[PDB]
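J.: Take a look at the letters that make up each chain.
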Amino acid sequence: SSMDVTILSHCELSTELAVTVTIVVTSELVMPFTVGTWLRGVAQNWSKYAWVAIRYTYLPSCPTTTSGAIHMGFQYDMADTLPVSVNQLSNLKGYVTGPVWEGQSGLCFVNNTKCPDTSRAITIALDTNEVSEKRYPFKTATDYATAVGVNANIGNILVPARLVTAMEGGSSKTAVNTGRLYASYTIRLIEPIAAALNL
Amino acid sequence: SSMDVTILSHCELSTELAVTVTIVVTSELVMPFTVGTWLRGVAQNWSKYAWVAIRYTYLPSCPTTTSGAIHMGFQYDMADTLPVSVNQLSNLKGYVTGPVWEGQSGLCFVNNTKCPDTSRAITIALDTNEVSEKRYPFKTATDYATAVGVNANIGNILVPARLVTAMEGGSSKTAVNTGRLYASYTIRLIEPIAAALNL
Amino acid sequence: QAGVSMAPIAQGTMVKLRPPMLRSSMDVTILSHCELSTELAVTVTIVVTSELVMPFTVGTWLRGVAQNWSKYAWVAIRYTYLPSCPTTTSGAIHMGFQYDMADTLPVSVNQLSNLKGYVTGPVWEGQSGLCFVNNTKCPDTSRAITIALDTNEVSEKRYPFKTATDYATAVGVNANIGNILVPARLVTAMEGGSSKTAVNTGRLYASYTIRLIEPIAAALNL
Amino acid sequence: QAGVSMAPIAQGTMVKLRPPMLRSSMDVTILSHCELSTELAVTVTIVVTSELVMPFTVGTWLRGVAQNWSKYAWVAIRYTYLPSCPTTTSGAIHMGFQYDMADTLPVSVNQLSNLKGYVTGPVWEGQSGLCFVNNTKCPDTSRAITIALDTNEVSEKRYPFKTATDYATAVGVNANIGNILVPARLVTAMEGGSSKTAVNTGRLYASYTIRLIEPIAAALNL
Amino acid sequence: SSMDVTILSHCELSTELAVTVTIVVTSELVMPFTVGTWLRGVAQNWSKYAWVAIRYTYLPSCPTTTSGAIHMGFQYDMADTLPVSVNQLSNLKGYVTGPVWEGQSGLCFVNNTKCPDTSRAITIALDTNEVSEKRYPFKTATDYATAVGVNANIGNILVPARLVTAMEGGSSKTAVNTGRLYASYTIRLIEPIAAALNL
Amino acid sequence: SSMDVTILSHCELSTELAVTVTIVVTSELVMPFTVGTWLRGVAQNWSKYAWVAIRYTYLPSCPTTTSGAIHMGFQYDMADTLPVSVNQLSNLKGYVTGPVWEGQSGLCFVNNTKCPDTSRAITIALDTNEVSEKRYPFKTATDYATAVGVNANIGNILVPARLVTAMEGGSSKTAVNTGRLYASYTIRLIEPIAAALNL
Ligand SMILES: [Ca+2]
Ligand SMILES: [Ca+2]
Ligand SMILES: [Ca+2]
Ligand SMILES: [Ca+2]
Ligand SMILES: [Ca+2]
Ligand SMILES: [Ca+2]
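Chains as they are written, first to last, in the numbering used here: chain Z, 23 to 221; chain G, 23 to 221; chain D, 2 to 223; chain H, 2 to 223; chain L, 23 to 221; chain W, 23 to 221.
Note that these hints are calculated values from the structure, not bench results.
We put the beta carbon where it would ideally sit given N, CA and C, even for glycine.
Keep in mind that the hints are not guaranteed to be accurate.
Which stretches of chain L does chain W cover? Using the computed rule of at least three CB atoms under 8 Å from a CB of chain W, they are [stated by the list, open to error]: (1) 91-98; (2) 101-111; (3) 149-163; (4) 166-178.
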């Protein structure tokens, strides 16, 4: 489909992770701006969009001898609290986890290979059906930020969901680079705007 | 129900009421937190939700000589103002009135029969088509409140509609209990979260 | 089975109002609706209240819409009543119409009884009227407590839409400047009573069909 | 004629019970009857009473016959209520079912309202139920105050016949030894009241159809 | 199916494990209360239920260099003894085992992915057909506990089965966190009760 | 048999008997532990079980001049009381009597022929439909006993029914052996366990 509507599919690096002795919980907004710097630079040219598909995969970079595990689940009320415990996080929406060294069976989502094994693959795809809003506008972090700090409920208007990632593992209380998170999306771009003017 | 979705139907007293010499106008948000206590404790472990069907019904509990009336109606943009008068209230979507002692033909809705006689059921059911958001986040009364407190317009994305109940009627300046309002819903439970974490 | 009644202890009636109906021909717009108008209560003694049958005054909704148009014409207006108290409550109701805005209101039931829609009934009665409010198909209104404008014998062919305040101001100059602004006023009486202190009885509804006619933005209409 | 009630001063109902019906296939015996179960009265305050839906407990007759057989199965059990006071009496009734014999009873109407046969009604109502007791052909039970076992979702396929005392003793060891002996207990609530002192309201009847099954002399059945 | 009957499916963390030098044998009751804290909070709202499906999967969190193995089998007479030896445990009903580092090929049961490899997956599903009782009531630990201590045969009324897990492995006589057990169930909830009243 | 289930059929003497001057009433639980010794040693390595069919038959072994009779019947709620008299016993499900020397037309049941003549087989077979529990746990006599000792009602879930055998008849105050009672069952063996571990 390509009219006034533009569709594009891509795959890139959302972020990198490392493990400590203790548990660390992060969150990523799942909006075009913050998903990757590529999409980010492409999407700015359009006013609003909707996710046809998006998904995060983790790829190991360590030896078989590292010690930790990644976890992830989606959350949808920019107002609720982040989990604080594996258990809690355990009943989020794409709950998925494994040892920081596992995961290779995920190139595929990156790769764009048809591979009959998801056997295991630290991957979480969004439930792109149950989003609150028909479509969402392009929001630029700093704005989002600003708004969310007025009341943490406005964000609910601005983003379909938030990824939670917890790095628990621990060998050292020092930070160990264990692998990376990659996003694979198919977005539907829609009311072109001069890039420069999009908050 | 799917392995992602949960469908739940139920009945419950959403609230209890009385009448006086004069008018008193209440309002109750049509949010699973406020609809009843069970729905609360259940819905609670889901992040989003969607009303498949929702209905308030009344059941008399006083003597055939209790004098008075009930009036219910619906508002939908929280910036709007609760009707002052009954007058204003007789103009809302879903207006309904009846003597505080009538209403037991409605018992079938708490029951589940097939009210042959809906002709004299004091009931009211939501126009779920006309709801503004595809889905709604589960707000807690508090969060909700605080949120509104910033700029009511925000409640507009936190909820579908607000019910307005007027109790005019009376003999005593002393509230006399007349009935009870029960809820009948078919909620669409949606993306788990650990209770504790919800606002 | 004739000449045999069965006295209930209470008359139950469940009103479930119908959505407004609007439909535009070329320049005329026709609106038909029903809203609740007043709440009534009785006292040990007579009590005459009264109402202007002008659109601003008739309904909370009406006024807000009807205001977008310069002048209307009534096609139908009905005042129908419905009980709330048990058939043990004492006191009846009376209503009738008046037309020269300068005429003083009646003070006697006697008086009241010769007005144009003279209708009266014990305060506990009224459930026959229900169809008029619900607007259902009426059963037998023999005994209803309804009153309807004598729409065809009004003085002006059309009336301008007036705001209360504009009215008032006008009336204040000379009460019968008023005689244009409104076609008639409804008169209510509550006598029969028992308590010296007011006992709430019923409430009454208005049901109209009005012609709307020479569009104006609301802000400019007074 | 719609949305129009007529409040009576009293609901009359004349119960004339039908003779028990017994009929034996080869090993199963089927019994269908209805006996009166309890009398109810209201108070200024809430009052939760409760009943075991086991055959000894359900009827004065039942118990005496049903006892000649080792284990039964319910096929139907209905609790239906009927008023005795005038429609001026204050207070309603509530009933619902419970199933883990170890669960504490509800203390709130709120509470009570989410149980399996939740049913409630002003204490003066109930005459719709009549056919169930008489067992006549039912007219329109829209408004009856009945509750019926969810016979097909009981825990055991069959239950042994227990004497109260045997039960008790058992229960006393551990309340949920009980969970075999009975399939469910009925819960009753009387709130709404007016007098601080109890006012008698209605009474309720049981109507069952039970499977009887592995004959034993009564003397040996506990 | 959703009437008076409610069905829901979920997946969460049942518990975490660690290995020593010696053999440790545990047991988990497989009832809604004790299966996870989520189900637990949801199920309390209903009087009795029956398992349509339930199953435990173990997910590694270690390096490839840990030393131990998990084992598990179901047991059904709240009165029989726990196994005391691998061998014994070896002929329980879902006998399944592997090195505390293996298992990843199990996300899937968690994940809810269709994955043609169970190749290996430390997973054990209950034989939800051969349960003693048609349905079971909601029992709250402390009660269960209490009852079972009257006579360890009453529990047989209250629970369909018990999971046995043995952690044998041993590097250190200290406890090593090796991974976690996750439950995946599909339960059929049935006679709603105020939560607060359910023992 | 499945790879989960085992079906086993067999014959065995469940018990031996004699008669006296007077009456003596015995009872034997219809539990694989007590039905015969083999069933015991076999059933033993299974946790649960279910009777597909079970039948007691008698076979005379005394002279055509031994005087006396046998009476069997079934009880099903262990709280119940063993009949005192024969009288009470002639009223139980399955009542049967015969002279202690008759009964060999029943030999076909120990055999497996097709008793053309069941008209004079002193036999008794269980109404497996009417059993209370879908399945039964394998109890040991002891455990069972101890269990009952708390509150017979508990036996109700430990077993389907109890057989009552009355031996009235006689010439000597001295028991004279008359026959033997054999069992014929088709057990449904169900979820393995290591013998040693069973109670
Ligand atoms: Ca923008
Ligand atoms: Ca929330
Ligand atoms: Ca004007
Ligand atoms: Ca018994
Ligand atoms: Ca319980
Ligand atoms: Ca055993």
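J.: Checking each numbered hint in turn, tell me which of them this model violates, lowest number first.
T.: Violated hints: none; all satisfied.
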